[PDB]
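This report refers to the structure that appears directly beneath it.
A single protein chain has been removed from this complex, and every other one stays in its place.
Chains: A, B, C and D, in written order; residue numbering restarts at 1 for each.
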Amino acid sequence: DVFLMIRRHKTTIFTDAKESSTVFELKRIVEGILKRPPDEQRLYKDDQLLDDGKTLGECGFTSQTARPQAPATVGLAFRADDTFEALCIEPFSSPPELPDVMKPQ
Amino acid sequence: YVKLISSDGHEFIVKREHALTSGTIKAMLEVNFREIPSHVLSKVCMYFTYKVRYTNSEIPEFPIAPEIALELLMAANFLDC
Amino acid sequence: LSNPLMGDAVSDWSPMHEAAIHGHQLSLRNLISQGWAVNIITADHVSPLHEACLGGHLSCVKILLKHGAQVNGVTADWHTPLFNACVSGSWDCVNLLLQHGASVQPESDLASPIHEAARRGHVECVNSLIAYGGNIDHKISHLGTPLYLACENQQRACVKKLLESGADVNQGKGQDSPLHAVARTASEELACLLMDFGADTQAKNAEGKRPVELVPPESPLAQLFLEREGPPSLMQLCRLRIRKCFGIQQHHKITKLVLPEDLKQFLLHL
Amino acid sequence: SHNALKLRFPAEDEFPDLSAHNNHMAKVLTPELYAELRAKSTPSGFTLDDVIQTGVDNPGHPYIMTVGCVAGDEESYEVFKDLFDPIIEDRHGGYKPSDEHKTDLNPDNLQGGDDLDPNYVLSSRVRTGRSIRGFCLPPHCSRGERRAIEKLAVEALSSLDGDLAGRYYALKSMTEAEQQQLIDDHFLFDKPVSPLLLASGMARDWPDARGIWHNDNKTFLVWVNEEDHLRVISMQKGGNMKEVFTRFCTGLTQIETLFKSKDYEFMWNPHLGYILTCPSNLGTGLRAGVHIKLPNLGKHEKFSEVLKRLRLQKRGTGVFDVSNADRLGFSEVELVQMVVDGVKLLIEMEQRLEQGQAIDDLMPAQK
Partner (left out) sequence: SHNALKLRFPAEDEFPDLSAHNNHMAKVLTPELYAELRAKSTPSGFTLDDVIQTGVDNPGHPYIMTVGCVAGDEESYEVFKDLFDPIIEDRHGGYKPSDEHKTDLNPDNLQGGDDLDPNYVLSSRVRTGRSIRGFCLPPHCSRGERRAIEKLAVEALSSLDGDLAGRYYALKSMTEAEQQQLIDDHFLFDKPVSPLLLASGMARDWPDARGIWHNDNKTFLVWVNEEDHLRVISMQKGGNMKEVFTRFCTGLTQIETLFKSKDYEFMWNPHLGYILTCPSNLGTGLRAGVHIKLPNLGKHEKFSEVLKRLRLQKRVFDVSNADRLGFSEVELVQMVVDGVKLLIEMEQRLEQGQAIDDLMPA
């Protein structure tokens, strides 16, 4: 099983999948929430647009990466008419400073 | 799926059934957690999946950073986890 | 006295050894004033100090040490004044001896003060030894760890103390973790503690068995193991992670963390 | 004597408080026994109180369980039998009232031990004690009685031949140079300092009639009127247990002969063997052992466990002094056989430990 986290700007979604399933089905996994068809979606890894015809295994995702301990990260942009949205994702808040009593000696 | 909102405006789409891990969320049954920062809300979600996945099967160790341990504890307390 | 008399051990005691073991302080002083040196030893290199330590006669060891008694003297059975004090439990003598340079760590692995105290239930001496500078997780062959031993003798006071101090909940003897030990001794009380301090219910012993497999299913422990078969709570995990940031006996610093008192107690009562 | 006044009080008033005491006598002596036995006495002058004197005077130790009593003479073992049977039985591991004891110093019954490995056996030593029939023991005898014994010993010792020839020193008047020579060889002894001895009265009149005799080769040593009547020690650097045992035997064989020529013999009977002072030395009263270089086994976790089953005593020094832990129920040379056996086992035990090998296969169920 594949534990995948998909994000867009400030949105995040957690979903499970099969290594044998492809990006195309994954596009429909997004659709279930998004309410927009696969052709209007742009799933991507890092900065590499994902191929509907490739499996998650084919795209480099696996049980050693996309875990329940910590899922893989795929971005999502949308088909802005004749193009698509900037492939950017806003990071979550930065961490607080570690208290001196918990800081290592 | 249920959308959870962080105090920082992040939107988390979480399978409801995993969300039901939290006693507070169970009591709540979209939910806006203005009390919980984005720095740790996503972590809590990950935990929800973790616990569900290994409920009936060895179990690997859940990852956690000292920078979130304190706030996360508090968040977990809030969420009854 | 002064030589290998080749007689029975019963014939070799000095009057000081007698005074020491029974707390005859003034007699001791008198013998000293006559000229009975405090470093007079017998057969197994046993000094008045060693006997006083076994008796727990604080004022006697104060005197003996005052006059140059060998605080780290070693007997033929590898015993030290400190070790002997731990045997009797004399909390005061343990502290005193340490203050005069008694080494917490012994030369021989046949007589660990800490492990002895663990077996005896001498909690406050365990505390002093560790605080003075003692390795709470020292593994020593046949005895495993202090924690392990406390569990073997059902010394729940020391078990709780050691675990709060920061004993490695999953380090016992060989593959026989403290949790496995509890299962073998059927103690629901110690099981509850160890589980809460992070004991690994899936760890296997030398036989490849989990703690739950080392106890009959009819016992209460079977149910208690069932309760902890699934993944731990996030708060549990958090607490474990937080505690790891503090050293041995350093968790008192938790009180300085910027958080609610309820959680402060949650962490302090680990 | 003053015992007449003791008889004017109720037994319970005389009954000593042994609550804080920890020894064999203390467990045995009851108010009932005290009440009965205090009315009896020996023909030599003993009374129950002297029998249990050292006991009540010394609680002893929380861990080391001493005997807590002392005999007075041969007759006292019968007169105060009601305590001795319980004390002896307990101290000697179930030795029963009808359990006949034997004797045997004939070297022909010692097998092996001709040469113990000198890499381990630093030295060998044999020790015993004898009492002369017709006299009392050191806890009771008068100056005159003690002096008579000295003279008998001096005569006999002056006639020993061969390697058993030697010289007698009078402790009470020996020259400081002589003291230097004998203290270097540890042949020189001194006044008892342990309260476990002093309570018996054995130090009375010291050094009157106390004596030291050793042979020309410094292998045969006997002490006169000290812890007991005749204290005999045989020793030699090296592992030749067989020869030392024989030397020892011939020492007592000739001395006994010499005493028999004057109508004296060692106190002895079929039930308790040789009759000595404290109960722990009944039967053979024979100790034997060696100084073994065991830096390895002395650190091993089961060292004392092995020695326990081998029935050997572990003692340090003034490297271990390994020695016979039994005194009664074994035929003298039999005990020496036990020591030889155990030591050879320990040498092999050490060999395997030295090489980092498992040593569990050398731990026999010896009882």
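One rule holds in what follows: a contact is a pair of C-beta atoms (placed from the backbone, for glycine too) under 8 Å apart; a residue touches a chain by one contact, two chains touch by 3 or more.
Q: Would you mind spotting which of D:16, D:107 or D:318 touches the chain that isn't drawn?
A: D:16
Q: Give the residue, chosen from D:106, D:119 or D:142, that touches the chain omitted from the document.
A: With D:106, D:119 or D:142 as choices, the missing chain is touched by D:142.
Q: With respect to the chain omitted from the figure, which of D:99, D:208 or D:305 is a touching residue?
A: Only one of D:99, D:208 or D:305 touches the chain omitted from view, namely D:208.
Q: Need a quick check: the contact residues on subunit C for the chain that isn't drawn.
A: 15, 23-27, 30-31, 34, 59
Q: Identify the residues of subunit D touching the omitted chain, counting contacts across the whole complex.
A: 1-6, 8-10, 13-17, 44-45, 49, 53, 56-57, 136, 140, 142-145, 147-148, 172, 198-199, 203-206, 208
Here is the rule we go by: only the chains that are shown with their structure count from here on.
Q: Counting C-beta pairs in contact, does C-D beat B-C or the other way around?
A: Here the pair linked by more C-beta pairs in contact is C-D.
Q: When the C-alpha atoms of subunit B and subunit C are each averaged to a single point, how far apart are the two points in Å?
A: One centre to the other, that is 42 Å.
Q: Could you put a whole-Å number on the gap between the CA centroids of subunit B and subunit D?
A: About 80 Å, centre to centre.
Q: Please set out, as single numbers or ranges, the residues of subunit A touching at least two other chains.
A: 99, 102
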